[PDB]
Amino acid sequence: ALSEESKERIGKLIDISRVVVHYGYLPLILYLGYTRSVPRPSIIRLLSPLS
Amino acid sequence: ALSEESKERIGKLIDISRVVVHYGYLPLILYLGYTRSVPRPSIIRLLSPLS
Amino acid sequence: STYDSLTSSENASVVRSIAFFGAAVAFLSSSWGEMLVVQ
Amino acid sequence: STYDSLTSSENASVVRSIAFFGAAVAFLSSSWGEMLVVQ
Amino acid sequence: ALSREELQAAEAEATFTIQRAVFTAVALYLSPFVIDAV
Amino acid sequence: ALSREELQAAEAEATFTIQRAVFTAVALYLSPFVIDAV
Amino acid sequence: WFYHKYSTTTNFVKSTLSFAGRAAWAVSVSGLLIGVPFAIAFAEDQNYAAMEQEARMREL
Amino acid sequence: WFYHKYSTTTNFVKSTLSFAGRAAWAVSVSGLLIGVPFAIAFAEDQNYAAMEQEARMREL
Amino acid sequence: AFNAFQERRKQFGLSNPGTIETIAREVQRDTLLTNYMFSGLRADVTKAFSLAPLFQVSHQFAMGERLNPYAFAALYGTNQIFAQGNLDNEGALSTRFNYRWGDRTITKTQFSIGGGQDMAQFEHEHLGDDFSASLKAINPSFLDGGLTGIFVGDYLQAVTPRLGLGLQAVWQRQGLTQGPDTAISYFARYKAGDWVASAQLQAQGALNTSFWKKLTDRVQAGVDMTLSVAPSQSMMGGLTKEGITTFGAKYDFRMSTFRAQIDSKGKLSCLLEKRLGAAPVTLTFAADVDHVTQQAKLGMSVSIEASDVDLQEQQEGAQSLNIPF
Amino acid sequence: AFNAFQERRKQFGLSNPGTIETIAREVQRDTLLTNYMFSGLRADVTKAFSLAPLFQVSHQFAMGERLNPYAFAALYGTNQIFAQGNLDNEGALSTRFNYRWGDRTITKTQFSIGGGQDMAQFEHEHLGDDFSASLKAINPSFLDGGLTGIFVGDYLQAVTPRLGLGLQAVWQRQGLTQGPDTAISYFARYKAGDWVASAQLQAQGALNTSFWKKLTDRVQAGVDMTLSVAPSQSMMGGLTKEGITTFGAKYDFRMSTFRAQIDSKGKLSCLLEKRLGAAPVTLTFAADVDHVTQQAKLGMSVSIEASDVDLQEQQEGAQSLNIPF
Ligand SMILES: CCCCCCCCCCCC(=O)OC[C@H](COP(=O)(O)OCC[N+](C)(C)C)OC(=O)CCCCCCCCCCC
Ligand SMILES: C[C@@H]1CC[C@@]2(OC1)O[C@H]1C[C@H]3[C@@H]4CC=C5C[C@@H](OCCC(CO)CO)CC[C@]5(C)[C@H]4CC[C@]3(C)[C@H]1[C@@H]2C
Ligand SMILES: C[C@@H]1CC[C@@]2(OC1)O[C@H]1C[C@H]3[C@@H]4CC=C5C[C@@H](OCCC(CO)CO)CC[C@]5(C)[C@H]4CC[C@]3(C)[C@H]1[C@@H]2C
Ligand SMILES: C[C@@H]1CC[C@@]2(OC1)O[C@H]1C[C@H]3[C@@H]4CC=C5C[C@@H](OCCC(CO)CO)CC[C@]5(C)[C@H]4CC[C@]3(C)[C@H]1[C@@H]2C
Ligand SMILES: C[C@@H]1CC[C@@]2(OC1)O[C@H]1C[C@H]3[C@@H]4CC=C5C[C@@H](OCCC(CO)CO)CC[C@]5(C)[C@H]4CC[C@]3(C)[C@H]1[C@@H]2C
Ligand SMILES: C[C@@H]1CC[C@@]2(OC1)O[C@H]1C[C@H]3[C@@H]4CC=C5C[C@@H](OCCC(CO)CO)CC[C@]5(C)[C@H]4CC[C@]3(C)[C@H]1[C@@H]2C
Ligand SMILES: C[C@@H]1CC[C@@]2(OC1)O[C@H]1C[C@H]3[C@@H]4CC=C5C[C@@H](OCCC(CO)CO)CC[C@]5(C)[C@H]4CC[C@]3(C)[C@H]1[C@@H]2C
Ligand SMILES: C[C@@H]1CC[C@@]2(OC1)O[C@H]1C[C@H]3[C@@H]4CC=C5C[C@@H](OCCC(CO)CO)CC[C@]5(C)[C@H]4CC[C@]3(C)[C@H]1[C@@H]2C
Ligand SMILES: C[C@@H]1CC[C@@]2(OC1)O[C@H]1C[C@H]3[C@@H]4CC=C5C[C@@H](OCCC(CO)CO)CC[C@]5(C)[C@H]4CC[C@]3(C)[C@H]1[C@@H]2C
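Protein chains in written order, with our numbering: chain S, -6 to 44; chain Y, -6 to 44; chain U, 7 to 45; chain F, 7 to 45; chain H, 48 to 85; chain R, 48 to 85; chain L, 104 to 163; chain E, 104 to 163; chain B, 283 to 607; chain X, 283 to 607.
Worth flagging that the hints you see were computed from the coordinates, not collected in a lab. Take the hints with a grain of salt, since some may be wrong.
Listed below are several chain B residues computed to face chain S (Cβ distance under 10 Å; list not exhaustive) [stated by the list, open to error]: (1) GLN338; (2) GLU347; (3) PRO351; (4) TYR352; (5) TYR358; (6) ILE395; (7) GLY398; (8) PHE424; (9) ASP426; (10) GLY519; (11) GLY520; (12) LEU521; (13) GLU524; (14) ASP545; (15) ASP590; (16) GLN596.
From the three backbone atoms N, C-alpha and C, an ideal C-beta is built for every residue, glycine too.
Kindly produce the complete structure, drawing on both the sequences and the hints.
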């Protein structure tokens, strides 16, 4: 079952979620890689390949 | 001085000459090369480079 | 008979494509397929 | 004074082109020019 | 748009085809047994 | 099109410039001699 | 009807000769598209194979 | 006028940051356009120079 | 009683046939150029920071008719999780995220956000001992008062150690305003010691057939053919017919890989990958000539790969790290 | 008394400055890419049948935006005669025929027939001991009741062993319906031990300047600048102004040649010629990137040269064979 009151709230929740990953996703990837890579790279190297 | 009678004759002569070289120029070049090149190539090679 | 219709404009691409595939399959699967091998 | 007119739209390309040429001539005709040589 | 009754008919076939798909899927899953029985 | 008199005027300048060109051309040809005189 | 016979042959030879021209051009480039990159790649592979084989002989 | 001030700064950073993006992209490719072909060509020249010099040593 | 079935299945020599999506991988993924051809200049700078977990970053530059001028990409992977994401020039984000439930089942996921169309795609793939199943959902939604979106169910079964049969059922509805749309496509695949043949009778009546033969360890060749039909393009009934078949070969050399291909429409293509000595750079030259129109498309690419990994330090882990790509 | 002048001239160290057309060859012909850049694929198969006389045949194929898809070319040359001809795909013939009157004076000639516009171009060039003169005529004609066509008179004089001055006078009339058009362009050239600078004040007020410096035997670099003005583009009087300057360098390696160049309009170009070992093939990679629009033009070429000449058999004569190119 669905209702107008519920539909509007869930609709924006997805919209809020859609924007959250749109921006924060890659930063989450880089966070995971930088934090738990076997050697922790000096943060300078992280976004400067082939320095 | 120039006259209409002369102009038409000389005008076509250039046109005749223009078409003569247009077709018979390269055949003259290949004739000179094939006739008096130091070694006379077998005529097959002439227009088949990198056989 | 039908052989006239076989080469119709609309059937041109299909029948041409089938033949090419037919030849390629035979070519690769035949002893001639070894021609592509260079060593 | 004239420095306003120096950067006008029409004089933009000409004055920019002259400066680039001026720098290049000095760069090649000076000890800095040796930087291009690799051996 | 489409009429109410036709919508039911369209959905009636759509489930059938999916129902047809699974029936076939089970048939393939059971197929190796019959092949061995030859 | 152009008027007859103007055509003569245009040709009058055209020869002048070519006449000017050769005069300058001769000047360069003689120029090295004066340079030696410095 | 001398002209009609003449026209047909000129159209015929022009058509086939033009067709022969396009076919020859297509073969020549298609040979260069595959011929040049392949020979460059193949030549190196032979060079490495001979070198490593030569290396084995020296090690022996 | 809180919004008006907010918009100006956001436009400024969007502009310069966008400008920084284009400038960095232009430098990076321009480095690759000249960097890659040159290093390939230059690497060969050094390789030949060392080899010919090495050949002289063997002869000597 | 399900154990009795297994004890009978083990008697046969059956083995996993792969997936429907990969039923023609040899022809359409390894040998033919369709997925690798490009135009204009291109470059990919990559850096690997580790292998267990796998962490990797890469920038891609492109130009020419390949208008998309930049794309940053990051990749993190481990035994249980694989997460990846691209971020192109216009800000559009393309992502991927696969989570492994066990030795054989992984729940992939793929989102595209920004740019043209926002899209989400889920799929739960199971690679059984003698079959492959997969249920996919594209832009699923129930907020319209009923199930909505596209749902795909794949299935591929080994019937005898050489032959594999399967079907891909589909179900989709674009809003409750209309009736659902359904279809079924049948697939087959036969593998011999040296050659593989596969066919795909798709929903629209289109038929796709392929054939792959491994001439030697370094040389492969395959041909694929596509036939399709569309409804009454003549505007007076009937059906219009068309088809295209391509033949291609791939040569593996010690320091290079060369692929050639010719369509049935007179289009000849070529692609050469060369790796420059001990350095990690790899040049890719791709050329494409259409003999009907005599026009040509050209493309050059340079791929670089730095790294801060002592290979032997982590390679032993990588060889056993089953990243769920 | 002409002998008296010569005995005076020999007292100086003057030497031939070259021709007006070559007053900036080092910058605009040897180093900069403007003449060698191209697009799309290209290939030149050539065969040399001799060297004394010089006889040579070559086919050129091209594709892509380089639409001209074919051109057959033959070349015959000797001490007194040099004849050449191109015959492109559409039948248009481009020719050349230079006849040498003596050690220093030759009479070039160049016809273009078929194609868009027929053209003829004669010129009698005299490379004096300390000057260069050249009278040229393009599409000359007297049949219109009077002299008609474009006539150019070049002249370049050495005033002091380093500096050379000269001017190029022009005269043209397109039919006796209008008055003639005339112009003059002044030229200058200075050559030091290691660098060469030249300027050209052209008819339209456009000024062209160049500078070439030889850093080492293998490395050269030069810059050129063009300024120009056009009448009242604003539609309200005044004159519009524009200019462009390019900087480029050429590197000569043992088996390669590399040239780079950047304009003032943000356009960056690069050209690499590599010769494949002992074989006569010579690849050519040309790339061009415009940073304002981020578009890129790409081109690759392969030049082959077979030969049936025992080089030392005829090279002994070719070394002294002064073909009047
Ligand atoms: C936005 C940033 C973009 C950056 C892009 C950078 C690209 C750099 C490319 C450099 C290329 C280069 O010079 O390579 C050239 C390379 C080989 O050269 P090599 O490996 O040194 O040769 C070997 C070196 N040994 C001796 C040390 C081992 O041949 C190729 O690939 C193949 C060229 C195919 C040409 C086909 C012509 C077809 C004509 C058809 C007519 C119809
Ligand atoms: C490795 C490959 C082996 C096979 C192959 O080479 C290399 O052999 C070549 C023969 C070529 C055709 C010869 C003549 C013509 C006539 C004209 O037909 C269109 C009309 C035109 C206006 O007149 C349109 O512009 C031009 C095209 C066509 C059909 C050629 C197509 C390509 C073909 C099939 C080539 C094919 C790829
Ligand atoms: C009819 C259609 C036109 C296009 C085409 O057919 C179809 O025409 C064929 C000509 C072939 C080349 C012929 C000769 C060589 C020389 C060899 O050089 C190593 C010599 C030796 C060293 O020890 C070992 O053989 C390398 C291979 C190469 C370049 C062939 C490549 C494939 C090509 C281009 C084929 C291409 C598909
Ligand atoms: C139908 C057409 C007839 C013409 C043609 O096929 C198609 O015939 C082929 C012959 C080929 C060359 C053969 C040998 C090599 C030697 C290798 O040298 C580097 C290796 C090094 C290791 O020590 C030794 O040189 C570079 C490549 C090169 C020059 C080939 C280039 C392409 C060529 C010219 C092809 C050409 C297009
Ligand atoms: C070796 C070289 C050193 C110098 C150099 O790199 C390589 O440094 C780079 C900086 C670049 C500029 C940075 C920012 C912008 C903004 C925007 O201006 C047009 C508006 C746009 C819509 O907003 C039109 O699409 C795009 C172009 C422009 C002006 C760049 C031009 C190229 C430049 C000058 C490059 C130049 C060649
Ligand atoms: C700021 C603007 C952006 C574009 C640009 O400047 C202007 O950025 C510069 C970066 C340069 C490269 C840097 C490193 C190398 C490696 C070296 O490898 C031999 C190393 C050693 C072996 O013993 C001997 O040096 C060969 C040269 C190369 C490729 C440079 C080429 C020129 C480039 C591309 C320049 C280019 C013009
Ligand atoms: C500003 C940017 C920084 C990054 C960068 O510049 C621009 O820095 C340059 C370093 C270059 C490499 C240096 C060395 C060689 C060795 C040579 O190997 C064959 C010869 C063989 C003989 O024994 C020994 O390898 C092939 C070429 C290669 C790999 C270069 C490729 C391009 C590279 C990666 C360039 C890269 C784009
Ligand atoms: C045995 C080998 C394998 C197969 C193969 O090589 C030999 O046999 C060749 C026959 C070629 C086709 C012949 C006729 C045409 C018609 C032309 O014109 C259509 C009308 C209009 C466009 O619609 C233009 O006027 C278009 C091209 C096409 C279809 C050829 C394509 C390439 C093909 C399939 C070649 C293929 C590579
Ligand atoms: C010192 C070194 C040598 C010189 C040099 O590098 C450094 O100095 C850089 C300055 C660059 C220019 C700066 C501003 C712009 C404006 C932009 O926009 C025009 C308006 C419209 C389009 O018409 C868009 O709004 C067009 C590009 C242009 C002219 C640049 C060109 C490249 C130049 C000349 C670079 C050149 C390579």
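Going through the numbered hints above, which ones does this structure break? Give me the numbers in ascending order. Result: hints 2, 3, 4, 7, 10, 11, 12, 13, 14 break, sorted rising.
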